[PDB]
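One chain comes next, on its own, written out as C-alpha cells in the form solved without dimethylallyl diphosphate (DMA).
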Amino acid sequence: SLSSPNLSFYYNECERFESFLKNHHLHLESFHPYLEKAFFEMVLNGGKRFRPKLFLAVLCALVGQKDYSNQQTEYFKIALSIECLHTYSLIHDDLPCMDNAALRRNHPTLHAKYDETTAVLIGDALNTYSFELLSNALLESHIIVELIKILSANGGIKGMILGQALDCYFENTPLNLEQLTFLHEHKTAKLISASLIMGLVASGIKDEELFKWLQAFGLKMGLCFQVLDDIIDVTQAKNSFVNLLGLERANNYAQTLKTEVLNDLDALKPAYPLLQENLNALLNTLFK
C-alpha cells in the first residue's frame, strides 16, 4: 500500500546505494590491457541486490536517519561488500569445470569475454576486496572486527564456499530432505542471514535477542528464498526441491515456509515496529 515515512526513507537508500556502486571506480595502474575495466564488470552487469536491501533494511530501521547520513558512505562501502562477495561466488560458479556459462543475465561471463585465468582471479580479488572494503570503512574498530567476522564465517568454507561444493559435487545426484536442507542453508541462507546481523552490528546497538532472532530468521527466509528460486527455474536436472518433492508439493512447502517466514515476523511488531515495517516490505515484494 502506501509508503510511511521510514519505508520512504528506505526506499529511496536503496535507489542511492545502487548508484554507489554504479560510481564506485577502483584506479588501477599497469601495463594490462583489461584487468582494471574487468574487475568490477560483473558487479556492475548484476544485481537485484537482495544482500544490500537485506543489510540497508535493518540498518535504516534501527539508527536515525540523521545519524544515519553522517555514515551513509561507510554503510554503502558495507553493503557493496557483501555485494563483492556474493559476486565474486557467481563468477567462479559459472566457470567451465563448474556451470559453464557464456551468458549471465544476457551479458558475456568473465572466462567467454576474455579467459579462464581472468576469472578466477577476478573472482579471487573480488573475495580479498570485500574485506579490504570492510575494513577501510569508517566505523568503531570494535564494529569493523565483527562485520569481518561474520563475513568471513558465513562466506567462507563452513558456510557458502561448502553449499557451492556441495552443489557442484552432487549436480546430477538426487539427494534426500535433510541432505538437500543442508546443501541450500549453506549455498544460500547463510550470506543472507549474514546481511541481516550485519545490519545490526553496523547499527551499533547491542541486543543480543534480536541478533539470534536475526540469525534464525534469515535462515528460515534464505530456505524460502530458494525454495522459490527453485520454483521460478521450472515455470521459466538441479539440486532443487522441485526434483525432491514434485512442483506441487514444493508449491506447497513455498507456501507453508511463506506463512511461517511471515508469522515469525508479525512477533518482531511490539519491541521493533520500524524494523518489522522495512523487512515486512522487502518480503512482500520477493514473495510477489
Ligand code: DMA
The other form holds:
There are 2 protein chains.
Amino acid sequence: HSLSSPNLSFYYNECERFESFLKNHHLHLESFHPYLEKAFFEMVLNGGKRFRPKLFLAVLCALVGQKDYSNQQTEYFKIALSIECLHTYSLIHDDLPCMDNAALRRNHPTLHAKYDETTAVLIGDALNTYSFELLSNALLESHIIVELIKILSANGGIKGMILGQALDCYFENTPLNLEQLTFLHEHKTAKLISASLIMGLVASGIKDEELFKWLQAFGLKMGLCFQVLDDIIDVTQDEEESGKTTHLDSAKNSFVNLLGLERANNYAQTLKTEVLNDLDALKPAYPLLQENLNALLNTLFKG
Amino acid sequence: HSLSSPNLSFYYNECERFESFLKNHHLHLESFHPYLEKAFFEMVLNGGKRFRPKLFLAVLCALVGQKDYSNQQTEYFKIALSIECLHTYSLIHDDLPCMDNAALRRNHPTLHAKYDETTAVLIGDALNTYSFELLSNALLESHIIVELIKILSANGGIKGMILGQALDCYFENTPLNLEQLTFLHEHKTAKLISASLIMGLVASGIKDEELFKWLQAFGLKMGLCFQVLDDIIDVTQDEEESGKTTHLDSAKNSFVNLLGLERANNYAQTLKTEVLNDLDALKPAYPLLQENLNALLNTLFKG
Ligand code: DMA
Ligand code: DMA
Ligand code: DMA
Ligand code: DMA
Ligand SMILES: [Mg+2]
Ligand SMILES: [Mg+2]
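Since the structure above is the form solved without dimethylallyl diphosphate (DMA), I would like to see how the form solved in complex with dimethylallyl diphosphate (DMA) looks, so please show that one next.
Entire complex below, previous chain first.
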C-alpha cells in the first residue's frame, strides 16, 4: 500500500482480518457423508474479491470509532460473512448446467463439475440458509439483527437478486432493450451491492435516514456499473485472469452484446465518472466514509 | 368435527384461519417477467396438509391465552407461513430432474414440468430466502424473532434438512443399514418437524427449558415416524390419493425397501405406539398442549 491516513489504514487492515476470519471459519458436520463437510464451504474459500464484505466494512469502519468497533469485531465479521455466503450461493446456482453451465469459478472447478449436480444444488441451498444462521448468531442488539435480516432477505430474494436471475434466464434468447437490460442488471447485481452498503449503516447502530437513502441509491447506480464492467470482463479477459468460465458471447443478454464493445466501454466510462462524482457529495458531511469507498472503488475501477 | 373442548375447538379454528391467511397472501412483483409473480407462491397454494404450521400452532394456541393470542395472530401466522415456505422450497428442489424427478406434487404439476428447470431452481431459492423475510417481518419482540430464525436456519440448513437430502441422494445406490437410514430420516424430515414444535414455545414468549428439551426430543421421534409412514405411503397409495409422483421403488433408500412392507408396517405401528405413549407424559403438567398434539397426531395416524 501507499501513504494512507490512519482511518484508511484501519479499514485496509480490517478487510485483511475479515479474510483471516473467513479462512478460519470451520463448520463441523458429523455424518457418514464422505465430502459434504468440505464441499459446503469450499466455494467461499476458493477465492473472490470480497467486494460486498468490503462495501459493508467501508461503511462500518468509517461510522463507528475504532475502540467501539474492537469489542464487536467478530460479530461484524459474521454479518460480513453472511453477505458473502449468500453471494457465493448465487454463484453456485448460477453456474449450474441448467443455468449458465460453467466449469470454473474463482480459479477452481465448480461444485457440479467436481462432485455432481445434486451436490451443487444442495450446497447452494445450504449457503442460502446459512447466511441467515450467521446473521442471527451475530451478537449485536436484537433489533439490529432483525433489521439486517430484513435487508439481506428482501434484496437477495424474489424482489431483488432472484428477479434479476429469472429475467436473465427467461429472456436468454429474446434481445432486450437498454432499459430492460438495465432493470435486469439492477436486480441481478445492484440489489445485493446496495444491501451491503445499508447493512453497514444498520450494523453501526447509528440512526441516519438521510445517509441510508443515499447509500441505497448509490449502491443501485454503482452496482449497475459493476455489472457493466463484468459484462466487459467476459470479452476482455481470459479464464486465468477472470478465474471463471468465459460464456459463449451472443447466446445471452449483456451490455457488450447490446451495444458492442466500443459503445459499452463508453457507457461504462461515463457511468464510472458519475459514480465517483456522486461520491464527492459525501466529502463535506461524511469524509471518513468517502475515503473508504473512494479507495475501494479506485481499486475496482483500475482493473 | 366431533365433541371438542373450547381449547381444542379454538386450535382447530386457528388452523383454518391460518389456511385463509396463506390463501390471501399476495406478493406483488412489478417486472416484465410473464409468470414469476404467480409461479413464486404457486406450490404453497397448491395444497399440503400444513402439518408443520399445525405443529407450530398446537404448541402456541395451547401455551398462550386466547385474548393475549388475538392481538398477535397475524404475526404468529407469518411465522407459521415461514415454516411452510421453507418446507415448500425443499419439496420444489426435491422434485427436480437431477433429484427425485417428480412430475406431480400436491395434485398439481411441478414447477419444472409446468415452466422449466431454471424456474424451479430459482423459485425454490426464493422461498428459502423468503422464509427468513417473513420471520423478520413478524411483529413480535426482537429477541424472539432472532431466536426463531436461529432455530429455522439450523434445522433447515446444512446440519439438518440438507444433510438428510445430501445423504439420500449420495447413497441412492448404496443399501444402508437401519441405523444409517434412521439417521438420514431424522435429518431429512424430523429436524424441521421438531423445529416447528420448539418454534411454537419460543414464539409464545414463555421460558420453559424443560418443555423445550421435551418438544425437541419428541419431534425427532415423531418426525422419524412421519417419514416411515411416508415411505409406506409410496407403495400403499396411488398418485390421486398421495397428490404426488410414486417413485420407482427399489432405486432409493426407504424403510419399505430395507425391511419389506410387512416388517415396515410393524416398525411403524410400534413407533406410533411409543409416540402416543410419550405424549401421555404431557398430560399432568401441560394438558392443553397434550390435547392439541394428540388430536393432530390421531388425524395423521388414521391415514
Ligand atoms: C453478479 C456478479 C458479477 C457476480 C460475480 O461477482 P464478483 O465479480 O464479486 O465475483 P467474486 O465474488 O468471485 O469476487
Ligand atoms: C447473482 C448472480 C450470480 C448473477 C450472475 O450474473 P452473471 O452470470 O453475468 O455473472 P458471472 O459472469 O460472474 O457468471
Ligand atoms: C419430508 C416429507 C415427507 C415431505 C412431504 O411432506 P408432507 O407429507 O407434509 O407433504 P405436504 O407438505 O404436501 O403436506
Ligand atoms: C426435505 C424433503 C423434501 C425430503 C423429501 O423426502 P422424500 O423424497 O422421501 O419425500 P416425498 O416422498 O414427499 O418426495
Ligand atoms: Mg454467469
Ligand atoms: Mg421425493
